[PDB]
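Presented as C-alpha cells, the chain that follows is alone, the form solved without this ligand.
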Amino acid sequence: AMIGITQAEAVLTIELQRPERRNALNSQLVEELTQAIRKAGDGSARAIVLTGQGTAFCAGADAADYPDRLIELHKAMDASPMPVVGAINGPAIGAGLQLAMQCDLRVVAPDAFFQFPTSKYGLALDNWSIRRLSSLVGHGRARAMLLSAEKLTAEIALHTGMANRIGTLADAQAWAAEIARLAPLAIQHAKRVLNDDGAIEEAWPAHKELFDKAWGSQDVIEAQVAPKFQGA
C-alpha cells in the first residue's frame, strides 16, 4: 500500500509511494520495504532499483518500534546478495539520506540534493551515517554537511562519487539490467567487503554521551517551535 513493486526481466523496481509526504519513512513503509528487499531474491531478479514518487526521493522520518524497524531495513539492505541501484529522483534528507547511502550505487536526478539538517534541529546521528557520508563526499565536505547543514547538490554529488551518474529512473533501470548480467558471486563478495570498510561502527562512550545529550535536549523542542538555541 505504501510501496509499488514491479519487475522487468531481471530487474526489480521498488517505488516509495508516499509522494504527499515526500516518501517519509513511517513504520508501515519501513516494514513493507524490508519485506520487498528480503523477497527480491525469489529471482528471476538479480538487481534492485529503489526510487521514490513525486518531487523527493525521501525527506526523512515521518512509532515506538520505528527505530528497531529502521535498523532491520538497513540490515536487510546490507545483507542482500543483490545490488541496489538507488534512482534518487529528488532530495534525500535525514533518514532519506541514510537510505540513499545504503544503496549500492546511485543514479541521481539533476534537481536532487543530499542533506543532514541535524545541526538545524539539534539532533545527532549514528556513527555509520557519518562514516559512510565521509567515504562518499570526502571528509572535508562531510564536515560542512554535518556541522553546518550544507546541501550536497546533484552536481557536487557526481563530483565526489555520491552520485555514480546523473540521470533518470530509466537510466538506473538500464544500468541495473547490465549489472543483472554480471556474475552474482563476484558482486556479493565485493558488496560485503565494501560494506565492511569500517563504516559500521559502534558509537564510542563519548559519542553516546553527546548523542543522548542532543536527543534529550530542550534545543530539539526549541527548533520545532521556531531559533534561540541554548546548548542544553
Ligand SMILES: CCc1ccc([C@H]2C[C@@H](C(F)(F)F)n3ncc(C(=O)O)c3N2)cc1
Given for the second form:
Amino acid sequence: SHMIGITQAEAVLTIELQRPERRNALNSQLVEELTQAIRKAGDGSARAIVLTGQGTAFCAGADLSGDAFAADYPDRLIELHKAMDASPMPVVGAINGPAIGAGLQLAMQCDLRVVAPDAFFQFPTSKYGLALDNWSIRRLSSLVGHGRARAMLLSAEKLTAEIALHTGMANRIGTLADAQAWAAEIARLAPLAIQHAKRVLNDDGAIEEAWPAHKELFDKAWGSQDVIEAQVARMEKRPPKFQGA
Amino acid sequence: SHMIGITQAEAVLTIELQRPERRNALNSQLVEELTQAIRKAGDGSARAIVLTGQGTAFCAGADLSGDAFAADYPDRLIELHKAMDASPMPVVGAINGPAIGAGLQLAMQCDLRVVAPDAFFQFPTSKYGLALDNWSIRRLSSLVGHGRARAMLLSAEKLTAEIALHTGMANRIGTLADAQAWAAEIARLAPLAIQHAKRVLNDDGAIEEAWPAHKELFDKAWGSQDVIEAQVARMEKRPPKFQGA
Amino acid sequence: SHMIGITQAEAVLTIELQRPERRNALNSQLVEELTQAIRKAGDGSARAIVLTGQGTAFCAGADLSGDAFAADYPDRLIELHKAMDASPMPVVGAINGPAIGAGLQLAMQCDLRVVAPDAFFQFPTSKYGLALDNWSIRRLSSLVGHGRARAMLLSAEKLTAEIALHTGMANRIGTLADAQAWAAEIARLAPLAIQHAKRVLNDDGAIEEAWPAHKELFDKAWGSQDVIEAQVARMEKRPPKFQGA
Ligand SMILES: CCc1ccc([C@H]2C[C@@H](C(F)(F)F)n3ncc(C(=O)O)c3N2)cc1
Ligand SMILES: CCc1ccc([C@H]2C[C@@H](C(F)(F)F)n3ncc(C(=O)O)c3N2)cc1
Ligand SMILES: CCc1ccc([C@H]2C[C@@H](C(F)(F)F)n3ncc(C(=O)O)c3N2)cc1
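Show the other one: the form solved in complex with this ligand, since we just had the form solved without this ligand.
Up next: the whole complex, starting with the chain shown before.
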C-alpha cells in the first residue's frame, strides 16, 4: 500500500507519515516514499512543505520488523536526509508529538519547527548502547545549545516543548494548522532568497565526517554485547546490566 | 554637512548616527564618517565607544538616494566592518530602536549591546529577494541561536528586545544613558585583556568566505527578476508575485 | 597531607576539593592529586564521577603561595584537563558555590553540571589584565551563548545560577546529593554510548590552538605593567590605573 499521505492547499504541500500503528517509526518503505515525496514536491506550484505525523507521535524511531529490505534501511535513511538538505523548498516540521531517535533526526532536518505543546524530543541512545553520526550531534548542539546537548546525549534527557521553544529547537508552539498557516506566508516570500539562506545555514559545519577516533568508538558501540543486552533486557522486562563491552 | 555626532565624557566616546530623516539608513557619506570616527576614537583618552542612533531607530537599513557615490557603498560598508573588527576599543551598541538589514549587521559588529525595550532586529531579505554574506548569517546564528536564525532568515521573523535578552543578542535592556554608564565601567578595565578577548571572539569562525555554491546562489538572487518585482510591487503598493527567477 | 577527599557509593565516585581555607583555589598539589584521582577513577567498579568543592565555593581560582612547585602549575593544570577530557567516565560537576577563573575552567571541563542556587560563574580576567587560552573562550561561548560570553570576557560579568540554567551551563539547579542521584542513574547507562558521545562533543572545535595574533596579544597581556598594577592596587586597596601597556 502506502505509508504516507500527500496533499496540497494552494502553494503548501503537506506530507504526513501514516504508520501510526508503530507511532510512525521508520522502515525502508516509509523512508523511500518520503524521499520520493520530497524530490517531487516541486512538480506542482508548491513553494513550501509541511512534514507531520498521523496520530499522537511525530516519529518514535525505527522499526524494521518485518522489513524485507531492512539491510537497505540505513543507506536509504541517509538518502532521505540528502534529499531534504538539497530541496530548494523550505520544510516546516509540524512536530505533533514525540520525536525520538530517527524521529528526532528527521525533525532536525526540517528547516523550521512548529511543535505541539505535549511533544518532546529525545535520543535514548545511552539506554541502548548505540552511537550517533556526527551531524546528529552537531545539529542538536546548534538547536538546544551545547550544554543541553550533553545532557540529551550522555543521559537520555527528554527535551520538552516548552524548553524547545526557549532554545529555538521549536520556532513556535502550535498545531498542524498553525504550521500550515506559517508555511502559506513563507510560500509568498522570494524563493531564491530562501534557497541561498538554507544552503548557507546547512553548511555551518554540522555536516561532518566522523574523525578516526569517532569511527572507532562508533563501531565498538554498535558491535558490543551491551547492545544485545539492552534488547534482551527489554524483552525480559528487566533492567539491563551493562558491562562496557 | 555631517551625518554623525561625536562627543566624549571622560573615557567614553559616543558616536551618534544623525540621519533620522531616513531612520538612520546608511549611505556612502554616513559610512565613511562612521569609519573615520571609529579609526580616530583612540586619538584622545577614550577607552570605550558607545554607538547609537538619533531618534526612534538605531538603523533601518540602507538608502542610497540620491547618493553620488552609491556605487562605492558596498565596499565602504565592508571597510567600516573591518574598522570596527580591528579597533582595540570595545564598542557598546546602544540599540535605541529598530535595527534592520544593514542596521542589524552594524548592531552585530558592536562588541556588546544594550537594547531599548521597544527595539527589534530583522533581516527582511526574504521579502526582497536578496542574499546575505556568510558572516551576517554566522554571527546571527551565534547571537540568537541556530534555530531562531533559521526563522529570521527564511521567514523575515522579527526578534524582539525581550527575546534578544533571552538569547544574548541583547546583553542588557536599557537606554543610551545605561549604555554610557556600562561603558564607563568597561573603560576602567585592563585594555590589553579586552583586546585579546575581542580578537579571539571575533575569530570564532563567523568571518567566512562564501563557498562556491553560496556565491552561485548569492549572484542568482541579486541578479533575479524577483529583486526587481519586490521593488516595483512596493512602489505600486501591492503584494509581490515572485517567480523564483 | 592531602587536599582532596575521595569516596564511593556503589558505582559513583565522588571527588571533593578540600582546600576551603583558600575557597578551593588551585595549586600544584591540588591539581596533581585531582589528576591522579581522575586517572584512577576506573580502578574500581565506578561508572560515573561527581566533582565538587568543600565549603562555600566550588573553586575560586588559583593561589600559588607558598607553592614550592608553582613554576610547574600551569603545565600540571593542562595535564588535569587532558585527564578529564580523556576519561571514559562522565564527570558530573556539583558546582556548590562560586566557580571563578581556573574554577570556571574546571567546571566547564566537567561533562554535566548541577549548580547550587547561590553559585555563580566568572572570568575576572579583564580586572587583572590577563588573557585566556582559546578553549576557555570557545567552551564558554558554547555553554552561555556567544553574546553572554562577550560580556563575561570583556566586562567580567558574573553568570548567576538562574541564568546558567537558562543557557544550559547548568543542566540542573540542585545540591551535591542531587548530583549524586543523577550520577547514579547515569552509571546504569551503556558506557560505550557515553564514551562515544563525550569524545564527539569534546571534539566540537573548542580544543583550538591559538592563532598567531592570539598568541601575540596573549603574551603582550601577560608581560604587561598593567598585570603588575592590578596586583599592587589590590594590595594597596585602591582602584587600578591601567595604561594599556
Ligand atoms: C548532506 C545532508 C545530510 C545531513 C546529515 C546526514 C546524516 C543522517 C543520519 C541518519 F541517521 F539520519 F541517516 N546519518 N546516519 C549515518 C550517517 C553518516 O553520514 O554516516 C548519517 N548522516 C546525512 C546527510
Ligand atoms: C573582518 C571583519 C568583517 C566582518 C564581516 C564583514 C562582512 C560585512 C558585510 C556588510 F554588508 F555589512 F558589509 N559584508 N557584505 C559583503 C561582505 C563580503 O565579505 O563579501 C561582507 N562582509 C566584513 C568584515
Ligand atoms: C585536550 C583537552 C584540553 C582542553 C582544554 C585545555 C586548556 C586548559 C587551560 C587551563 F588553564 F585550564 F589549563 N589551558 N591553559 C593554557 C592552555 C593551552 O593549551 O595553552 C590550556 N588548555 C587543555 C586540554
